[PDB]
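Asks: Each chain is listed here by its residues.
Number of protein chains: 2
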Amino acid sequence: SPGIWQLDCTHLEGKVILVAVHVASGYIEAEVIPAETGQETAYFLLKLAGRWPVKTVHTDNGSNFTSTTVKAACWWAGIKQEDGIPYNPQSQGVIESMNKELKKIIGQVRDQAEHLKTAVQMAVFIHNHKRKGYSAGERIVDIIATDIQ
Amino acid sequence: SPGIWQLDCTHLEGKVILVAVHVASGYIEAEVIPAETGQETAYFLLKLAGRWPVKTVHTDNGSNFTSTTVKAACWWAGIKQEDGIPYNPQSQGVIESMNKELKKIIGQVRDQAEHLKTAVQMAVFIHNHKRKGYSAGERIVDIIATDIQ
Ligand SMILES: O=C(O)c1c(CN2C(=O)Cc3ccccc32)ccc2c1OCO2
Ligand SMILES: O=C(O)c1c(CN2C(=O)Cc3ccccc32)ccc2c1OCO2
Ligand SMILES: O=C(O)c1c(CN2C(=O)Cc3ccccc32)ccc2c1OCO2
Ligand SMILES: O=C(O)c1c(CN2C(=O)Cc3ccccc32)ccc2c1OCO2
Ligand SMILES: [Cl-]
Ligand SMILES: [Cl-]
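As they're listed, the protein sequences go chains B and A.
Taking PDB author numbering, I'd label the letters of the first sequence as residues 57 to 188, 193 to 209.
Taking PDB author numbering, I'd label the letters of the second sequence as residues 57 to 188, 193 to 209.
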C-alpha cells in the first residue's frame, strides 16, 4: 500500500487538473494542463516518481493505460502501471468526493490568484496540511518511513 | 532543522533551472523556467510548501530575498524567508558542487528527451534515488517522520 498512487483527472475553467493521490494517506499532488495527453501524463508521473517512492500507479482511464508514452515513463521510473477499475466499488464515489472537495478549496482561494494553476497549488497546500489527528502530509511521511525501517 | 531548505538557481541551454535542496538530506526538487523572476520563484515555493513541511527557506540571492511576490508567497505558505549568506563558508562550494553534479546527471539523460525540463526531472529522479547506504529520498522521509514523532 505505501507505494500505491491513483491518477485522477478533473476539469475547471476549460482546463484540466491532473491529480495523483497517495491511496493510503489521502496526500495529493496536482497540476493544471490544457488537456490530458499521454505526454503530459508521462511528464507528471516522472515528476511524481522523482519525489516519492512510486511503486504502482492506477491510471485514471484507458487512454493513459494504453499510451505508449505513459508506459515508457512508467518503465523508465520503475513504476508498475495498473488499471484504475474500482473492483472495490467504493472507488468511483471516493474519486468523485475528492474532486468535489478539491474544487471547493479551489473556490475558497480562487480570488487570491490570477491564474488557475496558482489557485490549484494553494488548494494542494491546504488539502495536504488539513488536520483530520494528523494531516495527509503527516500520514504519507509516517507510512513511507515505517516502510523504510 | 528538518524544515530547512535552500534555493539555488543554475543555467543550462539558455534557460534557468530553479532548485530547492533539503539541507539535512540532500533531497532536491527542480523546475526549468525561462528566467528567475519573483513570480516564478513564488510559484515554485508554493508548490514545494504544499508537498513538504517547509519551515525556513534560504533564498538564493538578494532579488528573491527582496521580492514582495516572494515575501507574500512565503507569508501565505507559513515559511520563514531567510538570506542564504554563507556564514558557514563551505556553503558556496557545496552549492557549486551540487550544480556540477546535477548538470552531469542531466548530461547522462539529455539524449533520452527532447525538452530540457524532461531531462531535469529524470535527473531529479536519479539524484533522489542514488544510494550512498540510504538515498536522499529515504533520508528526507526519515528526518521528517522522526520530527513528527
Ligand atoms: O475528500 C476526500 O475524499 C479527499 C481524499 C480522499 N482520499 C483518501 O483519504 C484516500 C483516497 C484514496 C483514493 C482517492 C481519494 C482518497 C483525498 C484527497 C482529497 C480529498 O479531498 C480533496 O483532496
Ligand atoms: O521528450 C520529452 O522531452 C518528453 C517526453 C519523452 N519521453 C517519452 O516519450 C517516453 C519517456 C520516458 C521517460 C522519459 C522521457 C520520455 C515525455 C513527456 C514529456 C516530454 O516533454 C514534456 O512531456
Ligand atoms: O553533490 C552534492 O553536493 C549534492 C548535494 C549536496 N547536498 C547534501 O547532500 C546536503 C546539502 C545541503 C546543502 C546543499 C547541498 C547539499 C545535494 C543535492 C545534489 C547534489 O548533487 C546533485 O544534487
Ligand atoms: O496570480 C497568480 O496566479 C500568481 C501569483 C499570485 N500571488 C502573488 O503575487 C503573491 C502570492 C502569494 C500567495 C499565493 C499567490 C500569490 C504568484 C506567483 C504566480 C502566479 O501565477 C504564477 O506564478
Ligand atoms: Cl501516446
Ligand atoms: Cl517582484
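Treat the hints as calculated values from the structure; they're not laboratory data.
A few of these clues could be false.
Note that identical chains are pooled: a pair holds if it fits in a single copy or bridges any two copies.
Stated by the list, open to error - Here are the simulated SDA-like pairs of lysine to any residue, each with C-alpha atoms no more than 25 Å apart in a straight line: (1) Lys186 / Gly118; (2) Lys160 / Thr206; (3) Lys159 / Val88; (4) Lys111 / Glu198.
Asks: Hints first: check each against the structure and report whether it holds.
Replies: Hints and how they fare:
no. : hint            : in the structure
1   : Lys186 / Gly118 : neither (32 Å within a copy, 33 Å between copies)
2   : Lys160 / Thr206 : neither (32 Å within a copy, 33 Å between copies)
3   : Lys159 / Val88  : within (13 Å within a copy, 28 Å between copies)
4   : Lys111 / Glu198 : both (20 Å within a copy, 14 Å between copies)
Comparing the model with each earlier hint shows violations of hints 1, 2; every other hint is respected.
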